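There is one chain below, alone, in structure tokens, taken in the form deposited in one PDB entry.
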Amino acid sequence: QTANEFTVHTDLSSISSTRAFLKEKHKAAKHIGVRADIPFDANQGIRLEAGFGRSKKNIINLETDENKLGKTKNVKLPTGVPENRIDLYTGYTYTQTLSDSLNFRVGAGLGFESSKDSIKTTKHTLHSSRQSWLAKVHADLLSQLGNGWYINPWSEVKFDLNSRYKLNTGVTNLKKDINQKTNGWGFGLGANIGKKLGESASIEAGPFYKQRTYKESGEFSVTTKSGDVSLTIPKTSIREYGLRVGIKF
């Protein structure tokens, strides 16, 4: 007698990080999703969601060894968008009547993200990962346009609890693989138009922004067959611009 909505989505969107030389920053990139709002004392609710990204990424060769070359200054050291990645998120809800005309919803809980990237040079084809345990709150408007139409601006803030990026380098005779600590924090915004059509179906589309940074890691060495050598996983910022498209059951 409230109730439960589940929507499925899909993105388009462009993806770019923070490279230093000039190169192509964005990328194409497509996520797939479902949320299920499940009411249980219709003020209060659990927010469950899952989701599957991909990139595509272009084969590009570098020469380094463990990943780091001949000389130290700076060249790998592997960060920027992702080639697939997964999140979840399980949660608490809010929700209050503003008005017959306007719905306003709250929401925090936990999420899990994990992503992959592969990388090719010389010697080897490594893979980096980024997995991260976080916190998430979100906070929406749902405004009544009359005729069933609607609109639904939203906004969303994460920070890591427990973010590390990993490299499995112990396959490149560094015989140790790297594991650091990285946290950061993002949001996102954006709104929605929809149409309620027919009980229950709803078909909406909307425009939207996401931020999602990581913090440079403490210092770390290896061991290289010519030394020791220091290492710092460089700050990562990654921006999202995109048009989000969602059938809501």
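Positions refer to the first chain, counted from 1. By rigid core we mean the largest C-alpha set that fits within 1.5 Å across both forms. What changes on going to the form deposited in another entry:
- With the rigid core aligned between the two forms, only one of 35, 27, 215, 212 has a CA shift of 2 Å or more: 27.
- Residue 80 shows a C-alpha shift of 2 Å or greater between the two forms [criterion: core-superposed Cα displacement of 2 Å].
- Core-aligned CA deviation for residue 47 between the two forms: less than 2 Å.
- Residue 69 shows a C-alpha shift of 2 Å or greater between the two forms [criterion: core-superposed Cα displacement of 2 Å].
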Given for the second form:
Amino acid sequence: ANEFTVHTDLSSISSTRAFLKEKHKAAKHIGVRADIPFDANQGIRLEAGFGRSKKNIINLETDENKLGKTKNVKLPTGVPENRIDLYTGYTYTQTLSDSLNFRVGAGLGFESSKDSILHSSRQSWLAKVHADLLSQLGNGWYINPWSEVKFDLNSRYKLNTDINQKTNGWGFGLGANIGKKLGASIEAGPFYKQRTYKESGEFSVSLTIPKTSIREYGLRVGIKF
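Beyond the form deposited in one PDB entry, can we have the form deposited in another entry?
The next block holds one chain only.
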């Protein structure tokens, strides 16, 4: 059977780059997923999602700062950011037991993010592999632990200075949804995601784009038709 999920996330996102931290507020995301079987085991997965937050850029703490003896210059607050994600891939699913199903897939994806202070953009074409276990608990209840890993094939950092440099990286996500059939199913659960973009090669003033690391903790809630 075809399965379609619409979901929404509430999350805490933080990022570190060079000597700075970026903390997000009002981080929200909406997305959809379609798992479409073609035979007993093979299928296709399609995903699309849209996210938004506002971020404050802050310095890393030092004892000199805590002591008085220096003072941090003011940095931007309430910086808006928008994100989109898309994914299409092959899936293979099989039964491990009468109450346990195991699904694995791989495919191609796109991610982008844009902020405004000055616009910075990150656009990434990537490959993604994912695996998840669906375990029946009885009475229509289930648990669904999942994992996914992303690898950039062509990730570009853009800056309306203009700058457009390649910054390939990778990322991984892990979570687990607890769900219940309503006759449709409702599910909810925690997730963790991490994304790293490497420092770019030297480009011409000689510069690099600093290494960026993003970490995200959240709760996802979904309706599975």
